[PDB]
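Trainee: Chain by chain, the residues run as shown.
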Amino acid sequence: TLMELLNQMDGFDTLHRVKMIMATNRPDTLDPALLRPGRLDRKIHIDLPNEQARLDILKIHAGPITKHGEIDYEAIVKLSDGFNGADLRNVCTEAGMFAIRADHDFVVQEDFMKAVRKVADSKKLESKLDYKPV
Amino acid sequence: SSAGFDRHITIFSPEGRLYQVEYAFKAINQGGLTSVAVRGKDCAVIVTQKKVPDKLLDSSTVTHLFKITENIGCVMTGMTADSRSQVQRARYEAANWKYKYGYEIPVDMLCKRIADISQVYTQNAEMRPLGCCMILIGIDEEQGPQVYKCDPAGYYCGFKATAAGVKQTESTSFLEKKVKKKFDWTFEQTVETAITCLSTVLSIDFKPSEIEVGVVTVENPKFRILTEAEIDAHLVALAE
Amino acid sequence: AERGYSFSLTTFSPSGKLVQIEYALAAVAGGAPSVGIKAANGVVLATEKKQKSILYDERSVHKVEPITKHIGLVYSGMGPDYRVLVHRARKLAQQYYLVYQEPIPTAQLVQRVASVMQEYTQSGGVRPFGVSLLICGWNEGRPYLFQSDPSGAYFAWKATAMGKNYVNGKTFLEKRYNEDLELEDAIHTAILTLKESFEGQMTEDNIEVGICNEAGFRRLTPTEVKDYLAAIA
Amino acid sequence: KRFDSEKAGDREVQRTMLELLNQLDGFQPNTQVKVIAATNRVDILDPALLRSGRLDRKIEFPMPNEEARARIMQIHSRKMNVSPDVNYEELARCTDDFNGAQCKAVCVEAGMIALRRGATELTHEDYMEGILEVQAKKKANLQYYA
Amino acid sequence: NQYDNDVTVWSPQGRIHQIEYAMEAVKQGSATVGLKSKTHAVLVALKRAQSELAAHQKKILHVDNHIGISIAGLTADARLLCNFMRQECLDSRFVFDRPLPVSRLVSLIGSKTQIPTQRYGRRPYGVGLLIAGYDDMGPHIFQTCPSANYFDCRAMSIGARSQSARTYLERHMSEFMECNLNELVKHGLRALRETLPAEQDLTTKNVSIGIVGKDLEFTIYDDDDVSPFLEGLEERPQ
Amino acid sequence: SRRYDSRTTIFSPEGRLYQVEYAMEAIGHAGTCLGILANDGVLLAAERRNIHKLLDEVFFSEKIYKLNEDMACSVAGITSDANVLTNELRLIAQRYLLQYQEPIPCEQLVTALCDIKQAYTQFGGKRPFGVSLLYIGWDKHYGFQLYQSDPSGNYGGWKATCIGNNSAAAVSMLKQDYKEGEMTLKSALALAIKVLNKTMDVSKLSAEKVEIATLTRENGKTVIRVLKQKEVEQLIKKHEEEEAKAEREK
Amino acid sequence: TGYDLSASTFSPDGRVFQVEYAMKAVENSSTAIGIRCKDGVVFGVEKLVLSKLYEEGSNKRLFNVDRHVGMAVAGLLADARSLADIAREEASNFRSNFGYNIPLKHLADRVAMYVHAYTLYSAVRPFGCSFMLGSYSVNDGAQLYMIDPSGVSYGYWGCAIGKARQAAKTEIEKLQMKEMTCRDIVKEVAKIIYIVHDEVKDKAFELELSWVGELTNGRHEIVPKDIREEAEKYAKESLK
Amino acid sequence: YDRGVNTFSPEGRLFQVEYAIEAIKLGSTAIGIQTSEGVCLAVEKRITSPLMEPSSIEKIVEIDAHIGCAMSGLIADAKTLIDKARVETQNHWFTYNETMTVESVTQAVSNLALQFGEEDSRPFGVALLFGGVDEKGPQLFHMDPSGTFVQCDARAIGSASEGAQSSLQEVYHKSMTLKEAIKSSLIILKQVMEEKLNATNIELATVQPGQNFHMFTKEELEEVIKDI
Amino acid sequence: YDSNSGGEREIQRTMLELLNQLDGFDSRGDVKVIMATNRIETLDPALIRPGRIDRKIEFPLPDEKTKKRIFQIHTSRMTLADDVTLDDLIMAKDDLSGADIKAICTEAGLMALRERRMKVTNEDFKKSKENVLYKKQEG
Ligand SMILES: Nc1ncnc2c1ncn2[C@@H]1O[C@H](COP(=O)(O)OP(=O)(O)OP(=O)(O)O)[C@@H](O)[C@H]1O
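Chains as they are written, first to last, in the authors' numbering: chain E, 256 to 389; chain G, 5 to 244; chain H, 2 to 234; chain F, 294 to 439; chain L, 4 to 241; chain I, 2 to 251; chain M, 5 to 244; chain K, 8 to 127, 134 to 241; chain B, 295 to 433.
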């Protein structure tokens with residue numbers, strides 16, 4: 256199957272108008288064929304969310320959620336380091352999914368930092384083998 | 005290619021490689037720190053930072069800038085448990101130099117002696133190689149300031165500007181262009197570059213309280229640690 | 002005493018070969034090229050030291066570490082294991098100079114050092130050195146050139162080489178270097194053969210040239226190093 | 294996902310799993326019909342399993358407490374005829390590295406020798422007997438300990 | 004299964020199996036129940052033998068005048084530590100001309116067994132010592148384990164199926180502090196009598212009892228010396 | 002720490018010595034040395050391992066070591082490995098001459114070294130010595146003696162020798178050329194050159210690849226003759242003349 | 005496979021599992037935290053109840069090593085007692101060769117060096133004890149150090165150990181380390197300890213407390229519970 | 008799973024000691040008897056071939072003047088303990104001007120029971142039967158390689174010791190006279206041996222407070238042979 | 295292993311199933327099985343109890359009398375010269391099996407084919423013997 260991809264992108268053909276995007280866990284298996292330009296011209300690795308970007312992604316998940324008038328996001332940014340942008344949202348949702356036990360409609364961020372700190376740190380215990388090659 | 009106990013002990017691979025020291029090389033990444041060493045004409049600047057996960061952290065106890073000699077400071081990387089063990093032996097060897105030879109140590113020979121002991125850790129397979137990274141400075145008579153580094157390969161090293169560790173690979177290539185050209189180095193020049201190499205890698209631009217900036221200059225040769233108040237002055241000086 | 006295990010880690014292969022020592026020979030081949038030439042008046046050694054980044058300064062670390070005023074030396078392989086036996090031989094020549102009050106012979110250094118080194122291969126619980134020494138010096142008017150190995154054997158060559166492509170370089174030194182020539186020629190063909198496997202950049206800091214005159218060893222400064230080779234070879 | 298290619302025999306199942314996770318990625322409707330997963334050991338775990346639609350709630354399940362080991366076996370033997378003399382504390386303290394299912398094995402062991410006993414009703418001492426029976430292992434002999 | 008080889012290796016769960024395997028040796032020893040009151044202390048042990056002709060092996064042995072001890076498990080390391088135990092007695096008895104309070108005494112024992120629980124090539128010590136003694140504040144009862152943890156108690160028990168004895172303890176040990184020596188003795192052996200099978204004695208020679216007091220020096224009681232203690236007791240029911 | 006040792010000291014359940022078997026296999030390779038029975042003298046020769054003409058050859062006798070004025074040795078194996086043993090036995094000989102002021106006889110000499118080597122075999126897991134080296138010399142009592150060292154700790158002393166495994170054909174040659182009381186050391190020298198002229202793989206018998214060290218008995222100097230290749234070449238051509246004369250029969 | 009056996013042996017991930025297993029070994033112990041006020045240092049220990057088990061006041065984890073320093077330990081009790089002897093003997097060396105109170109810093113450093121040293125050889129094992137170190141003095145002040153089985157020497161105003169850790173130090177931000185005197189810190193800590201550590205896992209338990217500072221005149225001792233009886237008074241009424 | 012040879016078993020106990028008890032099964036059997044008049048002890052020499060010299064192997068040697076002993080399993084293994092114990096009791100006689108008791112030999116050997124290890134090597138698997146006459150009269154003691162001592166009236170070792178204790182307690186009683194015990198030993202011996210009874214197959218070790226030493230002498234056994 | 299197959303432990307499991315096949319449960323049929331190898335120490339003792347528990351033989355090295363017999367049996371069909379003696383031949387040889395003394399005779403007859411002679415002389419026999427003698431002694 257490679258040979259079809261490889262020969263059609265080493266053509267003998269104009270792919271200029273068409274566009275292609277490739278994704279993987281690691282660029283270990285891609286061979287010198289796909290790591291070569293042509294087929295794969297550019298490479299953009301994802302990086303861990305910066306704390307400045309972490310504040311942003313936090314902001315977009317606080318919108319639909321209902322909170323108390325007293326809110327401080329920086330507490331979460333400082334307490335949450337190295338997490339994945341998905342894992343941040345899972346933590347926000349877990350903060351809300353912890354409020355249903357308290358049955359309260361409006362939820363303060365104190366209860367949030369409770370669920371955040373505890374559960375997120377549990378994610379760190381399950382974070383083994385997260386280191387991935389370049 | 006691996007055969008026998010060579011993964012568990014210190015020997016030569018079928019290709020001649022050593023597995024333990026290459027593991028200790030990446031042992032620094034578990035510390036998650038960064039250290040940059042820049043030397044000027046009359047000066048040398050050392051910049052680092054620290055992590056403050058809890059508001060209960062004391063800035064004084066967790067400071068990563070260690071002072072071996074009144075005129076010679078140092079810094080470390082990776083885990084601190086291993087660095088501390090090397091601290092007291094650095095100091096001990098400084099004092100024995102001062103006792104035996106009656107004069108201050110060039111610091112050139114300090115990293116060499118230390119690196120010999122590091123060879124012993126590399127040789128014996130029944131003891132831990134101690135993969136902490138040693139970074140030093142020094143002052144020599146009419147030789148200007150000096151910057152040394154030591155890695156747990158059992159060897160000594162020292163250059164103009166050298167930065168080794170987790171993210172230091174990218175800071176290096178950034179420094180190589182700033183050094184030359186023809187660019188000369190003064191005091192405020194080096195101080196102002198210390199943050200540029202950190203920003204290009206990080207670009208966090210945060211409170212100066214987390215970062216520690218060491219310097220060694222020949223005015224009063226005594227090593228001095230910079231206060232946050234003056235550090236912030238340089239930080240607002242570089243941003244116009 | 003460590004606990005004092007001291008069990009030899011090198012078994013004898015079914016063919017009689019040594020395991021760890023041949024692997025250490027692989028570390029010698031993976032090291033850096035270093036040539037030497039014994040001709041006429043004295044011995045000339047040529048090492049190579051290249052920096053991995055432009056931030057490096059070679060005025061600090063020296064590859065040529067003379068053990069005596071009239072006895073120099075270079076190496077190939079890993080450096081850490083080199084420094085060890087350096088300080089060793091320094092303490093080792095001093096008993097000779099203390100008992101006899103006479104400069105120790107180059108051939109004596111080899112025997113003493115390689116005996117301790119061979120014992121270092123037989124000593125239990127520790128790996129041999131991965132460094133092949135090239136020893137020189139002038140004694141009794143006739144200078145000398147020796148070459149050591151991790152197993153501890155010692156040879157005598159007019160012109161030899163270690164490091165990568167040392168078998169290719171050796172055929173070059175055989176044909177291109179012969180009989181006996183002055184120290185100037187000794188420098189010349191040394192730098193030519195070193196420029197064989199060297200990169201397309203040759204500076205005073207890329208290599209160093211050590212020389213043993215019958216007047217004694219003198220380590221040349223990078224100034225003269227770039228003066229002879231500029232205009233390399 | 295092993296490490297080095299090629300290849301993994303499960304690799305088609307890793308692609309299928311990563312296609313499942315991809316289903317929870319590129320497609321929103323997978324937010325319906327919950328799916329539960331369970332592993333005997335987390336030694337090998339795909340890092341990609343961390344998400345709200347992927348694995349989220351995570352609990353490490355240790356050995357049951359003594360209080361638990363007492364009650365679970367009582368809920369297991371509640372159908373069986375038992376003499377109304379038990380300590381309950383005894384067995385609970387006497388259980389280390391034991392499992393709740395081992396407790397079921399102990400309740401059956403109690404009835405296994407009850408056949409040769411002839412007693413139509415289970416007794417207290419039968420329990421501890423069965424405990425020491427299957428655990429821990431066997432056998433050798435009681436000597437050298439005076 | 005290969006990580007249980009050494010004493011130095013930490014299990015993936017952090018539990019070193021060498022100590023646990025020694026605890027099994029403690030459980031294979033005879034059931035012995037020690038107890039103390041606010042005034043006098045009574046220790047009880049059980050004698051066992053392999054053949055009928057063989058004399059039952061004694062457990063409780065006298066060290067200090069006010070310090071008796073029981074034993075279970077390996078007798079090798081037991082008598083080794085017993086030589087150490089004698090040493091520490093006569094030590095302060097010579098230098099300070101006074102005995103040692105057991106509190107500070109067993110700390111020395113735990114530090115003694117700390118080294119062989121850590122250094123490679125060394126093994127732990129299987130131990131069933133239950134130590135009793137009188138300082139100025141009265142009696143003390145401790146316990147010994149290969150883990151080198153000593154716990155101050157009023158009563159403790161080790162050996163085969165010795166937990167069932169504890170079950171009799173909890174309710175009785177609170178009310179046995181006021182009683183005098185007499186009933187305290189038989190209350191000691193009442194815990195063992197439920198450890199052994201109920202269809203047989205429990206003779207005079209298969210059992211060891213000792214009594215120690217503030218004003219009463221410790222004397223080893225065995226055989227006919229147990230006859231005054233066993234007499235006047237009620238047999239176990241069916 | 003017990004799992005790291007390969008147990009080089011303990012035996013092999015087959016009855017053989019595991020380390021020692023591989024040890025002897027090293028002597029089978031590398032070094033090659035010969036020995037023969039000669040009257041009023043003794044002869045030794047070896048094949049140089051580095052036949053490359055770029056060497057300096059400043060070491061004089063290389064594969065032939067002289068441990069004493071009355072005795073010498075022919076080494077086969079790793080050079081430095083021997084070089085521990087040469088200075089060792091050299092000190093033992095010199096402390097005999099120190100204590101008794103008498104030349105050490107070959108017997109107890111050799112056996113002393115052999116027990117030293119045996120020590121490394123029965124304890125310590127140490128690397129035994131895989132160097133089997135020869136022995137020559139003269140004593141007042143027994144006169145000329147020939148001995149041989151073995152890794153196993155037994156001395157392999159005979160009147161002839163096989164070093165290394167390439168010389169096992171020289172032993173079969175020596176059983177056909179066996180002689181008792183005939184020297185003419187030059188006859189035994191043309192014999193030993195006849196050995197390498199056939200059994201050795203290298204042909205033409207290059208005089209620079211071998212070294213012949215003879216020791217003739219002299220009172221009381223015990224002259225040690227180290228010969229140059231110039232007079233060996235004419236001797237080799239005399240041997241080849243003997244070969245050319247032997248083919249003249251048929 | 006076998007990489008986790010010897011602590012001196014590295015792992016393909018560039019660390020040592022023996023330290024790692026030793027860490028959670030201390031986590032399974034009962035919760036023992038620490039906190040320091042301005043004029044002193046507060047210690048606390050929670051003692052579990054399994055069966056009875058024995059007499060109250062036995063094998064408490066609160067040990068007194070020095071005049072002004074004490075040991076609040078967690079994890080395996082034996083190793084803690086042995087290390088308490090080690091700190092005792094070290095403090096004795098200081099008092100012998102100098103004759104004044106050993107500063108907290110170099111004390112915990114001397115211990116930390118041993119903690120790290122028993123992890124550089126295959127003979128001995130990493131320690132399974134983590135303990136709190138704190139002291140107060142008039143020419144010193146209030147310092148609290150936290151020592152971990154890896155051998156890292158640092159310290160905060162408060163720290164938490166045992167099965168309840170993150171949840172144990174969560175409410176610490178609510179408490180004022182500075183304004184609140186030590187007299188009040190006692191009850192402030194005890195009430196949360198009574199509320200934390202849920203009784204479903206352990207039905208019964210017992211709580212120990214210790215303090216040193218200016219009120220005791222530098223003398224470190226376990227605060228007498230018959231005195232003031234602070235905990236149960238406010239802790240039994242703090243459940244609502 | 009060979010662990011430091013000193014390491015506990017999972018069950019458990021000392022590996023090498025547990026294994027060393029099995030070496031008693033392969034050794035010769037010996038049956039001692041304690042009598043009020045004295046202590047009699049017998050063994051089977053187990054003669055393999057007529058090449059064997061009768062007086063070359065003796066399973067019973069007297070450690071102290073009034074205290075004997077009997078070994079088990081391997082011979083040279085006990086040699087080391089034998090000759091050293093006699094020195095122990097001797098020095099006791101020097102310091103206290105009085106001989107060592109039968110019970111004292113027990114702790115004497117128990118202190119040296121297990122000295123094996125590596126730092127700071135194999136435990137002996139020879140069991141010991143201590144005979145002798147202390148201040149309380151004729152006594153017979155038994156000890157094991159693990160170091161556990163126990164006082165036995167009539168104890169057997171070796172291979173058939175399990176079967177020998179069997180027929181032992183059947184015929185054993187406390188009113189045993191010494192002359193009766195003597196001929197009671199040989200009854201079991203002749204059942205457990207393959208060779209015919211002769212003066213070279215077995216030996217009798219007897220000791221009494223009023224008859225000593227004794228030890229034993231030749232031709233005395235020859236009269237016991239015809240007593241069957 | 296040959297070609298691409300794995301692995302060391304799967305190899306063992308096919309051998310173990312060979313034992314249960316051979317043990318065995320439940321077959322009384324024969325198919326008598328004989329096993330042979332050079333080194334018995336490699337095979338696991340797990341294989342011996344099912345078979346062969348009754349009989350295993352060891353092959354000793356031949357002595358002077360045996361080697362004399364061996365030469366007799368091979369040279370029975372061959373024609374040799376009168377001067378060939380059987381004493382010196384077996385004396386010069388040390389630890390040789392039947393096929394070795396066989397191969398030296400085969401090469402003696404092969405060399406005798408160069409002269410086209412059916413009777414092998416002792417000089418030709420010894421010169422041929424030296425070829426295999428040099429063969430084993432060359433490397
Ligand atoms: N006593 C004897 N009499 C006659 N012939 C014998 C005697 N001993 C051995 N032989 C012959 O010598 C031969 C020895 O065979 P050899 O051991 O050389 O085979 P091989 O090539 O090693 O076989 P494989 O390679 O399968 O092990 C046998 O074929 C046998 O016929």
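No wet-lab data here; the hints were simulated from the structure. Every residue gets a Cβ at the ideal spot worked out from N, C-alpha and C, and that includes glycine. There may be inaccurate statements among the hints.
Below, a list of computed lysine-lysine pairs in the BS3-like style, where the Cα atoms sit at most 27 Å apart [what the hints assert, rightly or not]:
#, chain 1, residue 1, chain 2, residue 2
1, G, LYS55, M, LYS51
2, G, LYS104, G, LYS55
3, G, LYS153, E, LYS333
What follows is a list of derived Cβ distance ranges for each label pair [as the list claims (entries may be wrong)]:
#, chain 1, residue 1, chain 2, residue 2, range
4, K, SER179, G, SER6, 56 to 66 Å
5, M, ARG223, G, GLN92, 50 to 60 Å
6, M, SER242, F, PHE354, 29 to 39 Å
7, E, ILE315, M, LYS244, 36 to 46 Å
8, G, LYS55, M, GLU210, 47 to 57 Å
9, K, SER134, I, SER13, 38 to 48 Å
Trainee: Each hint needs a verdict: does it hold in this structure or not?
Mentor: Outcome of the hint check:
1. G:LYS55 <-> M:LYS51: The given pair, whose Cα atoms are some 33 Å apart, is violated under the 27 Å limit.
2. G:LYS104 <-> G:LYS55: 40 Å, violated
3. G:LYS153 <-> E:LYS333: Outside the cut-off at roughly 32 Å; violated.
4. K:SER179 <-> G:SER6: 56 to 66 Å: Distance hint for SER179 (chain K), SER6 (chain G) holds at roughly 59 Å.
5. M:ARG223 <-> G:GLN92: 50 to 60 Å: Given about 31 Å between the Cβ atoms, the range is violated.
6. M:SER242 <-> F:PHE354: 29 to 39 Å: 32 Å Cβ-Cβ, so the 29 to 39 Å window holds.
7. E:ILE315 <-> M:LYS244: 36 to 46 Å: Holds, at about 39 Å.
8. G:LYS55 <-> M:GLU210: 47 to 57 Å: 37 Å, violated
9. K:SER134 <-> I:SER13: 38 to 48 Å: Since the Cβ atoms of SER134 (chain K) and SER13 (chain I) sit about 21 Å apart, the hinted range of 38 to 48 Å is violated.
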